[PDB]
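Next up is one chain by itself, shown in structure tokens, the form deposited without this ligand.
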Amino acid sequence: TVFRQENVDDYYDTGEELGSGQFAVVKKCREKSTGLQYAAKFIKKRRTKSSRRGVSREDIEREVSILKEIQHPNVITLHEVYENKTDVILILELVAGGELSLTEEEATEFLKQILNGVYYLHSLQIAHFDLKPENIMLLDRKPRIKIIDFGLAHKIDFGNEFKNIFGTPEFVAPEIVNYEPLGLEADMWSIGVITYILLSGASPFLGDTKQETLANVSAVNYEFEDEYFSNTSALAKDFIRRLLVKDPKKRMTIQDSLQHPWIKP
């Protein structure tokens, strides 16, 4: 699939930088025709078939196709796509409040929005595969959150996928660490990690090196530290405990998480 090949600078003016990854930079921008503001994500293309630098066209097209499907208040939306020889430029909804220890009411206020967004995605059989605090942004810093960064997202048409998929060690599920088939359940593990950090300020599996962290993830090597959780409700801990489960089949689903007594009204 091809994208708009006019010069993006003829239609948008860029401003301050908003975000910056391995092969992508995000710039605030303004559409000349409407004055409306967006975030332009410049993704570097692979230059050769076997290069390791840049993002493969297959991966860029997958991200664009998924983004085109989504319209939900808790997930970033895609406005336009441009391209040239060096970059694909996604014109994305501007999320300007930056990245997301709290009281349980504050934590559940944000968590519920995360769950609503993930419920939408999983209902469409979209696994995000990169859920982590860095990918949970606010619109204005009770703020509105937006799930961002669909660079690892995959449609899960057969219940699972078996691809080269691997995010940030602190947040990946054991099946990712062990290179097993992956489904929607991996996102639910990541939500459990996010909830643990939201309530305590501490990362449940983090070791001194990436390999240690991954070994901890695979072994489900975490515990609730009393110094961090002494005033946290047992129901909150129950919610986390039913997500940080090694067997994906025994882990709470997104629907389970919405009906759990800590969440359900």
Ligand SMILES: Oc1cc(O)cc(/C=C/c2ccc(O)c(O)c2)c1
Given for the second form:
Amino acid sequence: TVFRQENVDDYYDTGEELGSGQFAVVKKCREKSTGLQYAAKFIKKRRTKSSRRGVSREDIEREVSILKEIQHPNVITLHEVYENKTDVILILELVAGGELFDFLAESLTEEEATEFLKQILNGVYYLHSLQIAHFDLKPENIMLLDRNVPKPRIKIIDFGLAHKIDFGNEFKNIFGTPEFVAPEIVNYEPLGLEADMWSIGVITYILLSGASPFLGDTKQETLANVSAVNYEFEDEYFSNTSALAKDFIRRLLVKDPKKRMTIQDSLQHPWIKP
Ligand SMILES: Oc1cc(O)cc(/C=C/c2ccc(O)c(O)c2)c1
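Please give the corresponding structure for the form solved in complex with this ligand, as opposed to the form deposited without this ligand shown earlier.
In what comes next, the whole complex appears, and the chain from above leads the way.
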């Protein structure tokens, strides 16, 4: 699939840089024709077939195809796609409250955690209902619309690892951030929606405690801990946390994906269900 090949600068003015990663940079922009503001994600294309720098066309097209399908209050909205020889440029909904990661750097109550978590679950429920696994859920990929309100609204971003799961599982060596990946990712096993539910359990543990359940001193230790389900609720962090909150996490941090809570289970779990 080919994208708009007019110069993006003919239609948008960029401003503040919002973030950057290994193959991408995100810049605030303003559409000239409407004055409406967006985030422009410039994704570096692979320059040769056998190269390791940049993102392969197949991966870019998969991300774009997924983004075009989704319209939900808790998932980012793709506005337009441009491309040139060097980049594909996603024009994306502007979310100005920063990463949930950075907000957390500023521990939550269970109410504040569940207010965030319920929106994450609603967004993931939407994705999983479309058989979309995100595969990269973590606080860095949860953006807040406005971080200066009591109950910030959030949107899931960064679908660069997301896959349609139309056969129940994908076997592709998808692999995200060690602290958040499920054991099946660590072990290079077939992957499905269940891996997102593990990541939600990790997120929930962090939200409630400010601590990462599997984090080791090195990436290999983290991955080894994940595969061994080597975590515990440290009393120093969880002494005032309800047993039901711990129960929620414990039913997500389950090695066997078939025994892990699904997104529907998580919404019916007594800690979440009204
Ligand atoms: O700091 C910001 C602000 C913003 O408004 C959007 C993003 C990124 C959105 C995004 C959404 C979907 C994707 O697949 C993706 O790679 C990135 C980052």
